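Student: Each chain is listed here by its residues.
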Amino acid sequence: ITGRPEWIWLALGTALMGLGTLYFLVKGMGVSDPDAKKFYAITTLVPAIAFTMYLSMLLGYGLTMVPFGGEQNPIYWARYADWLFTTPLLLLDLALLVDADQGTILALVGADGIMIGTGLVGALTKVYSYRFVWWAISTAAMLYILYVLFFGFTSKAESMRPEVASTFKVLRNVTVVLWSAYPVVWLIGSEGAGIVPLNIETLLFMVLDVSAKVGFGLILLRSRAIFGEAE
Amino acid sequence: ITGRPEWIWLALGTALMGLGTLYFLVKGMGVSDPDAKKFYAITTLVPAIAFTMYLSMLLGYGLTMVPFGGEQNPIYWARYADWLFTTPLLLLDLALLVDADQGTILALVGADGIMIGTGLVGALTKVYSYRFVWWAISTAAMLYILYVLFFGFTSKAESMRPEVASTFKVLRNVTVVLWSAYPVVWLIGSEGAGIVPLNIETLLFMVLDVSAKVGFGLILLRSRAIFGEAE
Amino acid sequence: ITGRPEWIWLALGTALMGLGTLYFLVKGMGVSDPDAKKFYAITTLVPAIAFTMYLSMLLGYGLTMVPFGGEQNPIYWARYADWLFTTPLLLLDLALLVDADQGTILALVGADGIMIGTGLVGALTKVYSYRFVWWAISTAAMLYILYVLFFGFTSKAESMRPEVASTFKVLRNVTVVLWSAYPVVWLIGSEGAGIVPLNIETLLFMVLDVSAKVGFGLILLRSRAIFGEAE
Ligand SMILES: CC(C)CCC[C@@H](C)CCC[C@@H](C)CCC[C@@H](C)CCOC[C@@H](CO)OCC[C@H](C)CCC[C@H](C)CCC[C@H](C)CCCC(C)C
Ligand SMILES: CC(C)CCC[C@@H](C)CCC[C@@H](C)CCC[C@@H](C)CCOC[C@@H](CO)OCC[C@H](C)CCC[C@H](C)CCC[C@H](C)CCCC(C)C
Ligand SMILES: CC(C)CCC[C@@H](C)CCC[C@@H](C)CCC[C@@H](C)CCOC[C@@H](CO)OCC[C@H](C)CCC[C@H](C)CCC[C@H](C)CCCC(C)C
Ligand SMILES: *C/C=C(C)/C=C/C=C(C)/C=C/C1=C(C)CCCC1(C)C
Ligand SMILES: *C/C=C(C)/C=C/C=C(C)/C=C/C1=C(C)CCCC1(C)C
Ligand SMILES: *C/C=C(C)/C=C/C=C(C)/C=C/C1=C(C)CCCC1(C)C
Ligand SMILES: CCCCCCCCCCCCCCC
Ligand SMILES: CCCCCCCCCCCCCCC
Ligand SMILES: CCCCCCCCCCCCCCC
Ligand SMILES: CCCCCCCCCCCCCC
Ligand SMILES: CCCCCCCCCCCCCC
Ligand SMILES: CCCCCCCCCCCCCC
Ligand SMILES: CCCCCCCCCCCCC
Ligand SMILES: CCCCCCCCCCCCC
Ligand SMILES: CCCCCCCCCCCCC
Ligand SMILES: CCCCCCCCCCC
Ligand SMILES: CCCCCCCCCCC
Ligand SMILES: CCCCCCCCCCC
Ligand SMILES: CCCCCCCCCCC
Ligand SMILES: CCCCCCCCCC
Ligand SMILES: CCCCCCCCCC
Ligand SMILES: CCCCCCCCCC
Ligand SMILES: CCCCCCCCC
Ligand SMILES: CCCCCCCCC
Ligand SMILES: CCCCCCCCC
Ligand SMILES: CCCCCCCC
Ligand SMILES: CCCCCCCC
Ligand SMILES: CCCCCCCC
Ligand SMILES: CCCCCCCC
Ligand SMILES: CCCCCCCC
Ligand SMILES: CCCCCCCC
Ligand SMILES: CCCCCCCC
Ligand SMILES: CCCCCCCC
Ligand SMILES: CCCCCCCC
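Chains as they are written, first to last, in PDB author numbering: chain A, 4 to 234; chain A', 4 to 234; chain A'', 4 to 234. A prime marks a further copy of an entry chain.
The shape of chain A in the complex, shown without the other chains:
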């Protein structure tokens, strides 16, 4: 395990996701409100899935070698397995907060699936120049998602409770900033142009992942917006 310099960040990531999972699990024990239960379920599952995939990367299972540029390049494929399930759960948290219509939710989840799926294909593609074609398609799917979060959701939040409108606005802003960093790190890291070494890349993704999951969850689950308006 320690044979890879990036192991320290995989281990820290595993620990922080594990701790985040346990914290949300305990916190949600005292919850009976049916609406709050939905948000706790979604939000606890996110770091639990990430915990398993960080562990698989730490132990070496979630790593494969991909030939491109005349080299055997270490590619952590387990990231995409994580993201396939956790990024639509994160979007679902946002969509339920603002009572999004079903068509909009399906558009978001579908675009998200395309985003992660094409990122996976790009990560595993052996023809170097083609990796960036997949990156571009994935990034276009991301831009669609960000567009919807701003010009379909923000003006939906404003007709809702003030506490859900303010909580949505904060989580929207956190999401757009954090999620936009992922394609940049991929592009300059070992999957793309290879300018930033894998150990630093792994650190960067770990900070983004913990912030986008445990950070996000801490903000959401401390808000009164997750509860039905009750006396």
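It is possible that some hints are incorrect.
Any copy will do: because identical chains look the same in the list, a pair fits if it lies in one copy or spans two.
[Unchecked claim] Simulated crosslink set (EDC-like; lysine to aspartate or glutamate; CA at most 16 Å straight-line):
{"no.": "1", "residue 1": "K40", "residue 2": "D104"}
{"no.": "2", "residue 1": "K40", "residue 2": "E232"}
{"no.": "3", "residue 1": "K159", "residue 2": "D104"}
{"no.": "4", "residue 1": "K129", "residue 2": "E166"}
{"no.": "5", "residue 1": "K172", "residue 2": "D102"}
{"no.": "6", "residue 1": "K159", "residue 2": "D36"}
Source of the hints: derived by calculation from the structure; they are not laboratory data.
Once you have looked at the hints, place chains A' and A'' with the ligands on chain A.
Tutor: Frame of chain A, contents of chains A' and A'' with the ligands only:
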């Protein structure tokens, strides 16, 4: 890319799915009705997914070699990845049109999953005679789906709005004819008996795919059946 | 096929799932009640999926070799493909019976996904001692599911119809006993410590699978709890 004679049909397929995706995306921009949004979301996602998988076939990612009959046989596995997601979306379009009950929808999607999954296993099976066992099981799942579309849905459409009944009937008929061709092409093509060469097989699937997705979508999204009855 | 001593149990399993599938399919033909249709759909799909995966194991497709302990160890990976889809369907049968809230259903299905997914990783892991780390995480996800079935569902059933409360209690008890045997068989069988040989392991899983699917389904589909209260 041009090293494979079937590349021209993969390229045309990619282009037509891409163009179809953009057309539906633009067309649905001016839509606020919650019901119509569902149909636009579902129907736009279908060629978008197909676009990505056609591209993966064009670039060579979605192709593998399978030993059977003492030969290395080129198998485009990306078709099944496409179909796994797009065929239940197509069925969902039909089921929502007639306000199908939840049990019926689950039966359809489940049978569809079995249909595509067993087709994939058959496509990748190395014992030649066993490929046709999987083809038979998949075809039985197809026949179940077609049965339900006729003797569970058609008489559901007739108690609904005339515009939804007439639109459903047309899309049902398009679906049954087009979908029934797929097992025949598989059986006589490079996956099955090998009587029709891969380049012609690829052409045939491209015509079926564009018709079943973009053709289907053009009929559906031009109907007033996708809108709630409103003043 | 007969080259593997466990083939007889794979063949019997295939037959019993096939027969169970046909029986439930015929039985549900005379059903119009929308609630009952849901239970028939879910419950018929379960042995149908299991039939396909038992067949893939019989024909040899669903088997791979995994190096650990200095040996090539036969691992039937198709079990996890089965279980990935059938165990959440089984939980859905239980959850719908007691009209579980959406948050609880998502927690169950999510924990179940983690349970099966980590079992799959453990089954395919090449470092022997690490296989048991994945077994432990999977078992913890199982224990969560069993906890919810007892201390979240049982007291939900009691405020419902007596026929649904009594049917739920029986199916809950069947589920907890049968499902708890699976991690034990894995641990002592060819995936784990290797004390029980593969042919006996295969027998054990076949008895558990038929009981947990066809047995379970026979109890559920003969109950009046699956019908809406109607005059
Ligand atoms: C509604 C939304 C969910 C829409 C989803 C959007 C989605 C369509 C976007 C594209 C997804 C698609 C790229 C998934 C591809 C998975 C694939 C990378 C798995 C690895 O297999 C690739 C090659 C080795 O590189 O296998 C070597 C050759 C092997 C023989 C491969 C044969 C097995 C195939 C992988 C079977 C395909 C199954 C499905 C792709 C399962 C989807 C997995 C998940 C990653 C989407
Ligand atoms: C409700 C509905 C959805 C019901 C669904 C119906 C469904 C049950 C029908 C059968 C689906 C099942 C056949 C999927 C099999 C996928 C498999 C072909 C992927 C390729 O792996 C096959 C061999 C190489 O040929 O791998 C070589 C050996 C490797 C070590 C394989 C180990 C990895 C396994 C593939 C893990 C299994 C994961 C699940 C099958 C994911 C499902 C993928 C999708 C195609 C259904
Ligand atoms: C809401 C709930 C559903 C939550 C779900 C919980 C879930 C997160 C729990 C963990 C699931 C995760 C372990 C699935 C891993 C599948 C993996 C074993 C498939 C086989 O690939 C493993 C190695 C060979 O051993 O591939 C060799 C290297 C290859 C290059 C691998 C590259 C292809 C990757 C497999 C692509 C990943 C796609 C997704 C994992 C699809 C999920 C399949 C299913 C088994 C969950
Ligand atoms: C918890 C993990 C999260 C929130 C991950 C988010 C990841 C993305 C938004 C990834 C986006 C990518 C692209 C837009 C193109 C390049 C490849 C990706 C997959 C890194
Ligand atoms: C957009 C793509 C569509 C509508 C594809 C439909 C495909 C089928 C109905 C495929 C059916 C098959 C069988 C019935 C058995 C042989 C294998 C298949 C998968 C080709
Ligand atoms: C129809 C099949 C059923 C009901 C299978 C149930 C399987 C399980 C509950 C498996 C549990 C496992 C663990 C808890 C850890 C070890 C690995 C598994 C996957 C066997
Ligand atoms: C969105 C953030 C992307 C920028 C990442 C900056 C990383 C700077 C680290 C120094 C680069 C290491 C190069 C020498 C090894
Ligand atoms: C459902 C349509 C299946 C029939 C396809 C007919 C294809 C005819 C093309 C000629 C066959 C090529 C054989 C000589 C290369
Ligand atoms: C939950 C049941 C697990 C116990 C399984 C008992 C199997 C006993 C069979 C005898 C073991 C075979 C060892 C000699 C080959
Ligand atoms: C490819 C995996 C996509 C599914 C991820 C799980 C999250 C799905 C959330 C469903 C949202 C509800 C839509 C109506
Ligand atoms: C194996 C992939 C199956 C899922 C495909 C996505 C479409 C699912 C549509 C869900 C229909 C709603 C059922 C209640
Ligand atoms: C990884 C596969 C998980 C999906 C299995 C299919 C069963 C899903 C049942 C959905 C229950 C409804 C939740 C709201
Ligand atoms: C186009 C929608 C406006 C809100 C999205 C902001 C786009 C940020 C760009 C992210 C950088 C990705 C490379
Ligand atoms: C049995 C249901 C009647 C409607 C379905 C028509 C079946 C068409 C056969 C398709 C050919 C597949 C090989
Ligand atoms: C902790 C919840 C109480 C009900 C679950 C009973 C646990 C049975 C243990 C199963 C054995 C697995 C190794
Ligand atoms: C070796 C790099 C070749 C450049 C490929 C860039 C493709 C980016 C596509 C953006 C439309
Ligand atoms: C393919 C990228 C699309 C980003 C711009 C959004 C187009 C308008 C969509 C309106 C729902
Ligand atoms: C080499 C071909 C052997 C014939 C197999 C046909 C099987 C079809 C099954 C239909 C019930
Ligand atoms: C070779 C076996 C080494 C023992 C591993 C047991 C790990 C079990 C983890 C339970 C917390
Ligand atoms: C509760 C702490 C969980 C941390 C387990 C994984 C950390 C890796 C240590 C090497
Ligand atoms: C908008 C046109 C999209 C076409 C891109 C793929 C066509 C392949 C050209 C070689
Ligand atoms: C209807 C009987 C189904 C049995 C088919 C599979 C049994 C395997 C026989 C070798
Ligand atoms: C993006 C950083 C999130 C910070 C989380 C802090 C949570 C405290 C309530
Ligand atoms: C099956 C062929 C479909 C033809 C689509 C034409 C759409 C015009 C409205
Ligand atoms: C766990 C054993 C189940 C027994 C099923 C018998 C069904 C008869 C109604
Ligand atoms: C990591 C366990 C958290 C302890 C409880 C925190 C207050 C709910
Ligand atoms: C008003 C919300 C500001 C949140 C910005 C957080 C940036 C990481
Ligand atoms: C809305 C601001 C987006 C900031 C992008 C930051 C990418 C590192
Ligand atoms: C391909 C872009 C379509 C242009 C608009 C067509 C009329 C909505
Ligand atoms: C009355 C509907 C006829 C549609 C037939 C289309 C055949 C491709
Ligand atoms: C309902 C008519 C079906 C026609 C099947 C055509 C197969 C090529
Ligand atoms: C296996 C076929 C079952 C025959 C009908 C049983 C009574 C519904
Ligand atoms: C009162 C229900 C008892 C069911 C026990 C079944 C054990 C297999
Ligand atoms: C509730 C009793 C569980 C029995 C476990 C049996 C495991 C073989």
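Student: Hint by hint, say whether it matches the structure.
Tutor: Comparing the hints with the structure gives:
| no. | hint | result |
| --- | --- | --- |
| 1 | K40 with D104 | between (20 Å within a copy, 8 Å between copies) |
| 2 | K40 with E232 | within (14 Å within a copy, 28 Å between copies) |
| 3 | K159 with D104 | within (10 Å within a copy, 25 Å between copies) |
| 4 | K129 with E166 | neither (49 Å within a copy, 50 Å between copies) |
| 5 | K172 with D102 | within (14 Å within a copy, 33 Å between copies) |
| 6 | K159 with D36 | between (23 Å within a copy, 14 Å between copies) |
Comparing the model with each numbered hint stated earlier shows that hint 4 is the single one that does not hold.
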